[PDB]
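Before any questions on binding or motion, here is one chain by itself as structure tokens, the form deposited in one PDB entry.
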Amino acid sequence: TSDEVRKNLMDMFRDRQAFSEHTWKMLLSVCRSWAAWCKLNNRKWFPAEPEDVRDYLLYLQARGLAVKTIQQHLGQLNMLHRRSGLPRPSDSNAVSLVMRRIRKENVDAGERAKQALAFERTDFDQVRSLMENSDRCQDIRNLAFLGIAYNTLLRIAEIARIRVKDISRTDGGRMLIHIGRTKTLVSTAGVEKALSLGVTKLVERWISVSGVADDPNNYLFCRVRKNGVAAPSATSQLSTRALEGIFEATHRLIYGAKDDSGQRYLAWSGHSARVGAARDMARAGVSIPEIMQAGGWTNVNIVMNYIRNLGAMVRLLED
């Protein structure tokens, strides 16, 4: 009750670190949204009334937002309440059923959550075939990045977190990248992402022209200014936003500027090589169980999602 809510909420703010910085950014972005919808209609934003939550989801739906975004708003509200020691909006038929209904009506009109434009071995080979010959710091960095992204399948944020001290060697001379935390795990054991001899070379070239290896505690990737001078750091990472820019720029290099549609995934992006690699592995005949360790997935669906038709019966028949 009131005192208890102030304490539960307060207890949450104290140990903020317990959750991702991003969960907080969304908690707040959703609350900003809901509070706004609430003011305009003179309703109390907290605790939220199921019926109010319901008109809110319907209102997001009418704004033409994705089922996933609508489910994000409901999930943030649910967390605020549950962690508040209060009932969850989803705990009410009104909210439970409207969610189902919005999802159901949205899909049955098409809506499908999207996946990033793939970046496979071919694009890597072509891009490398062209960038290989550059002596520019930016280019050397960007090719090492793409190479690591394709080879390791790590998420951009995990790549930005790599520190020089995290790199080792196999004996065959292959670089070994030690991975601490991921979206799926936060352990002291952790992974050892290995690189192919060619990708190591690539990386090796970047560490060299950049002088990041200066401090072991330095981030593997950093800014590189117009003058071609890198700017190593053990406190600031190269933003995932910039990493996303590498993918976009590399795609703009080969295919030119993008549509005017305003759609997403017109060019490669942070997850392009993960999708792309996962795939390439399927074809090669790699074992799902294997395609899975590559991406660090403890399950089979995403994996399943990334490779398909979206044939065989035409040969039995065809003969």
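Numbering follows the first chain given and starts at 1. Only residues modelled in both forms are compared. Under this definition, the rigid core comprises the largest set of C-alpha atoms superposing within 1.5 Å between the forms. What changes on going to the form deposited in another entry:
- Core-superposed comparison between these two forms: the CA of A18 exceeds or equals a 2 Å shift.
- Superposition on the rigid core between these two forms places the CA atom of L9 2 Å or more away from its counterpart.
- Shifted segments between these two forms, defined as at least 3 consecutive common residues whose CA atoms all move 2 Å or more after rigid-core fitting, lie at 2-20, 83-87, 311-319.
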Given for the second form:
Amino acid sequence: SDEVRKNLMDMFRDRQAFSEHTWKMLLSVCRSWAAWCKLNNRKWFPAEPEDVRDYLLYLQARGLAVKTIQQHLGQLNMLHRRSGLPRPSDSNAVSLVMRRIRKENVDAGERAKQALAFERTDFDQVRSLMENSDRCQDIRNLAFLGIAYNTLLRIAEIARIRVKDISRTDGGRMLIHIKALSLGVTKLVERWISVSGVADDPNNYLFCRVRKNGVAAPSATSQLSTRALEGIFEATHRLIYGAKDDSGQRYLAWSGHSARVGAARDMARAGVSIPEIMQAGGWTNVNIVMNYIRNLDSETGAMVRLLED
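Let me have the form deposited in another entry next, following on from the form deposited in one PDB entry.
Next up is only this chain, free of partner chains and other molecules.
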């Protein structure tokens, strides 16, 4: 018990060993697991395999994804290893049930999802409606969509971009120190800069909030949240399609990764090689890229080519 107290003091002292997002997930899983334990009269710390098994089945019965059940077990495993206790995973009951849960959920037709593609057809269509707009929100949102599509940067990465992070290459194409922009997108990002006044301080983040009057507020210390960048994708989708489908299902509108998904797919349509599609978005594992471009005629495989010839 003193070994566990020490281990827990270790954890708090070296807090910064893990990111904020990891801690939030860790705390969220412990909350959920302790609530279940209380309601079901189980001990939450030293977690028993039989109780961890029951809780995993409860999570399945709640209709949670296999990958979610794995996060819960993964966090429980982490709390126990960092407390010097045995991990629930290393028990026969839990490894069997997890294996069981995996097979059953797949046969019920559970699908791993991914962002609705934001491609060229969409970016030309959005440009068609927003490019003649004098509205500061529209000018900011169009510049963001160009960067997202052109760079394939994640939303946290785009929110971090500073004015001083932007340089210039051949023909006057912008370059962002973390990717090079096209002439048309460089132009869009240029217009936003003028109407926003972000360049008036080099340490300012390129993207900032725009209030209801239409007036932008640059900041060197506050970034536009990733939630607001998802907001831009959603609102852009509503513009063209109106409110999204009923009952909270995921990826019914565009979101953060939509442009990454989309740019990958448009590269594949252009017969661009996977090894270089991977380099464009900074991918290292191919199972993610191939999952974005899997349903394209260019990716149909060798049997389809043999049968059609």
